[PDB]
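What follows is one chain in structure tokens, specifically the form deposited in one PDB entry.
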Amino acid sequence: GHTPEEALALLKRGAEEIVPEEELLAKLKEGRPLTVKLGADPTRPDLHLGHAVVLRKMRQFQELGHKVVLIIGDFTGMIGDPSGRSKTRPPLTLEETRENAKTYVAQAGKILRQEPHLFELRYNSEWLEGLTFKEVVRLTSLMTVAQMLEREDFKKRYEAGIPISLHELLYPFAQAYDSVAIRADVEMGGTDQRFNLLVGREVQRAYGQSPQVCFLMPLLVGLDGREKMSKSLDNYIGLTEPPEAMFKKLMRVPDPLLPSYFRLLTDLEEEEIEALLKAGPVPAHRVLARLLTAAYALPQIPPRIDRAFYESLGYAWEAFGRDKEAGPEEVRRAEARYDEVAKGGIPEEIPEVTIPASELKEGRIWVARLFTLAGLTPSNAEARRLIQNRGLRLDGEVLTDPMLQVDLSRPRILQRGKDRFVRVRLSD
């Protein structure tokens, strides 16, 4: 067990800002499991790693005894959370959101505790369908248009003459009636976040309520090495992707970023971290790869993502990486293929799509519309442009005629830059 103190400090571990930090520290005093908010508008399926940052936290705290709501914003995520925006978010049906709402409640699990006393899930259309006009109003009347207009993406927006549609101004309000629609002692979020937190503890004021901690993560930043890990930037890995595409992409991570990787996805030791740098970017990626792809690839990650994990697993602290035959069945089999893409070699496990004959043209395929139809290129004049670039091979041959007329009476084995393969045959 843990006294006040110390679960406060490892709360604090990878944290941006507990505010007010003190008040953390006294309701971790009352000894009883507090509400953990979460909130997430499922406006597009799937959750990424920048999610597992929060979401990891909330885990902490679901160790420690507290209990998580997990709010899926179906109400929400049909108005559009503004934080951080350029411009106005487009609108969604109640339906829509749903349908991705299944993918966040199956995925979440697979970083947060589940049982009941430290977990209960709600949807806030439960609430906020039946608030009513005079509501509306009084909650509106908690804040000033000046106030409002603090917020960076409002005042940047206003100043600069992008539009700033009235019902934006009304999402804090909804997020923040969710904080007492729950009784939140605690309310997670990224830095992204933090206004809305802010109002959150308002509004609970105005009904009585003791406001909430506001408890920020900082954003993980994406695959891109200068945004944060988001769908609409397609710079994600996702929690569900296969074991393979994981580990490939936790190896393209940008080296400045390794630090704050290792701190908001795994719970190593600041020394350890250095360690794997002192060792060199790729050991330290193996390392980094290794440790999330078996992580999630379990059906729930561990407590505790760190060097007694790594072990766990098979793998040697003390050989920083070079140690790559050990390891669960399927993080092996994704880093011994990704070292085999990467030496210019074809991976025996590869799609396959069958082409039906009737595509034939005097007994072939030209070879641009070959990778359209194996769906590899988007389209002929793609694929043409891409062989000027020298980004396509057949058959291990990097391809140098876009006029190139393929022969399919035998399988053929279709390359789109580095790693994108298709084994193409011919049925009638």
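Positions refer to the first chain, counted from 1. Throughout, rigid core stands for the largest set of C-alpha atoms superposing within 1.5 Å between the two forms. What changes on going to the form deposited in another entry:
- Shift analysis on the rigid core between the two forms singles out 365 from 40, 365, 34, 47 (C-alpha displacement of 2 Å or more).
- After superposing the rigid core, the Cα of residue 18 is displaced by less than 2 Å between the two forms.
- Comparing the forms between the two forms, the C-alpha position of residue 356 differs by 2 angstroms or more, with the core used for superposition.
- Once both forms are fitted on their rigid core, the CA atom of residue 410 lies 2 Å or more apart between the two forms.
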Given for the second form:
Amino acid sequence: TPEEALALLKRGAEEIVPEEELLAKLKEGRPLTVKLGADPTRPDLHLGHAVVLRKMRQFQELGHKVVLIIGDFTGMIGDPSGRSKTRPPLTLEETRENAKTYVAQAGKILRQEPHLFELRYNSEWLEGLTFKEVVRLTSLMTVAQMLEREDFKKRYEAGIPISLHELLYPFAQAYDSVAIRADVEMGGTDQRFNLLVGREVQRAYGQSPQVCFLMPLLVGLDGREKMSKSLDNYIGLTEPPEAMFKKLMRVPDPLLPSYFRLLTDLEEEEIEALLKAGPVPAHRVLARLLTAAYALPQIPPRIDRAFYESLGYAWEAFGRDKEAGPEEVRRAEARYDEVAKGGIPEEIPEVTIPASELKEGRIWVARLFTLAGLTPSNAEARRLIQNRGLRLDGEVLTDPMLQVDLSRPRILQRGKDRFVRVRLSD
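Having seen the form deposited in one PDB entry, I'd like the form deposited in another entry now, please.
The following holds one chain only.
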């Protein structure tokens, strides 16, 4: 029911604005058009994206239509939201290549039934947008209004260059809302301004101003910055279960609550239970939930206590029942425990080394780590040895000049958890 729908949607949301409009729209008893755009500046989605995407999923389950806009054209312009410097240039070919991963992976969270979902690339309409149209859009706002954004304010005062093209971006995003007659636009808090310009431009085109639905930003593994591909602080949605699990175990403790609120549906009471049980046991449940969820082709409608138990775990164990749970998660958790103990994991990548790479029937340890893809350079492999960062067959290397014999397979290790098995091939 209208009143009870808004209740669900509100949970987790930073702010809906204006709320009174969302209520009105829900009462119209019809499928609302729900806009989420994403610029594929780099490939692959992450749990950060899942924050907004999973709220889109919640809209779909209440029978509303999600429009996923692939920003192939905006992508080339570059969104200045949250940016300390002009985004480096990007071509339409590059953004279109990247967009494949977005379209593929968005399915893991979104329902794909035509009535619930539509896919569009904004280049469809933006490419043929005319100079006259651009003049009309850019007449809707003033300089002082643009420089009142935190981004440009800081950049302008501190004397950091701002390219004029950066001033166009919001109008492109706003026009998208017109092009699809958006009832609701979804975004993280970093998208506030673009969403608000969406309301301006819609009004100017004699449409109803969309509801601006703002979610909180998921902080990355570094512990401060927002999860982003570029900051290399992310957990990708299509990472192997082993990898998602270990990464979720490394989430800084202060972030745990937000991770539970933004990424799962556990009631506030259930969260505080887990936190009481302690940091490590909390991590285990988080890791299990999400690794399980994203291991599936598509996540369930809810990631809740009921989902946890349907896996094989028991809530009251509070992350002790390590034996329980499905296969991909169990072997993922096993690996984590095994590596934590200072052991070699069961399944490791094998890499064959052509015999031509040998010199006098052996290979320098440094080159071997490079060939194996564990070090970017030989110089780096030596310095990693100086810092006791490399292991051969379980034993910490100390001889940067070691000559390795590949008569039989050897296990190379870099740092705590990167392992390759190497062997010869004629």
